[PDB]
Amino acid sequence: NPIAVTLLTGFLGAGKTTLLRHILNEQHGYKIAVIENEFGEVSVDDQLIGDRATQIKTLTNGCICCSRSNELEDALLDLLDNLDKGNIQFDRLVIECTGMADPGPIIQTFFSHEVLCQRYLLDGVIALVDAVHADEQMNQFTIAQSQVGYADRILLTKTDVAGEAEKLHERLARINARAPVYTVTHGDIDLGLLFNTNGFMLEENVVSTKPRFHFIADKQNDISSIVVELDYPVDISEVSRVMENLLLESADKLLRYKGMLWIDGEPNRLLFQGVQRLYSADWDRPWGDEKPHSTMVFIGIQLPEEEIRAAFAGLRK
């Protein structure tokens, strides 16, 4: 039981505040620890100060509240210390990273740290997108599109006030072809909608919104999704060389990437996933009766698409 971690991101004033105020105050019964930027008007039972300056507050609803006045690593290690000593219990962790915040470095701290690698397990990146402002936000700040690109589940809110967000909808798809966009048509976001996204597990269903034809529309974005579709099996070492090079050349440009590969002389599909510089792979379920094939998505800034498709194109036998 590593603890499941959710990172809630997206641009300032999208609709998190209603969600946290729910998660913090209501007797929803979940044993959740929230690391948010700053405290605010929630019933505290008690508070704790960890070896690392982490003010860890115990709320009456049984949830745990931290500030982001800390460095992350230390709050995550203080939370664990108090967990293991028995001063707190919690099943889940939601880390707020809204505003200009970059999901990249937070995700990497989860993997690069020896301890938190074992004790925590990232489940997903949830982006909240304000339908009313997202288009301009994205047009002004790269990091508004980055946050969408790093998402496993996009939650689009304020649809009820935005006049024509068919357009936004369809641009969110171009930026991020992996994440489903769920539109919050009526009630609030159920804390449920944040969990179990399996976004950091290997996936055979790699693309959510298969790309269309319009060619000018894509150049609208600095972050985009490049989806590669192969109807041939490849040699395992050849494609290993191609990926390592591809990863080497666009390392500080890639945000996320995932694939399903048809490998030469193997009846079992090959899956891969990565975030910036860190990647993995594993053999996954049998091709059984299905047409074998390959689907990859690479999400990033200013990616050299011509060259990527070229590299995979010449894997032909």
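Numbering follows the first chain given and starts at 1. By rigid core we mean the largest C-alpha set that fits within 1.5 Å across both forms. Compared with the form deposited in another entry:
Once the two forms are fitted on their rigid core, between the two forms the CA displacement reaches 2 Å or more only for 71 among 231, 71, 204, 91.
Form deposited in another entry, following the form deposited in one PDB entry:
One chain, no partners, no other molecules: that is all that follows.
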């Protein structure tokens, strides 16, 4: 049974420490291995060093705390080794990629080798956003917007003290039109919100937040989403060439992208998804009585929206 991997990202907030302190110490009933930057465990049961020098600590609550070098593969493979030998037991893996950490390279690690593809299965990317400092952090650091862009789910905290932050709701939507935004106004972040996002599965509803007309404000950010709607079918060969040219032109620019396509002559939905250079497609549920259409979303920095829309517009007969 594949291990469910969750990436916890977002800028330096106080809420991240509280969440990590809850996984490592309290008894929540989850079997979680954690790769973090700091030190929140106050009850270390045992400890072992893997074949690749990975420091693996077993905690009293059953959970595991794990360190990482510059090569994440080492920690991942050492966790599997000691899992197979019954040294440790865990069902979920939570990796902290907060601060200046790029979620990109971490995601790609879980697709690098065949063994990691089979033994690990990415769940989703969770972006923690502090409503008080979000705008400032995103204005100064590109990586702050990027972490939001990679997210399958955005947890917006401290809105009770940030005041009227509807403008922030919009800005997150312009950056990431895929991820729903969860706004916790009273209480803390539930641990279960990190899991079962289904973010790395083929979706038919790729766009959660419908785009609104704000020309003078929808060009502020550097990372944005491009939502493309087609009410016409396209040739599977033609659209395949367009995508391959598109994904290569903006290779370094694209964070994540998903879409549902109406293929000319095919009675089934064609779904696709991708992260940077890695992309995959597959057929799905038949159209039936539902009116056929195409819906795609491209998240990235400095995307050539004009060229992208024009390319899809030329697929019309």
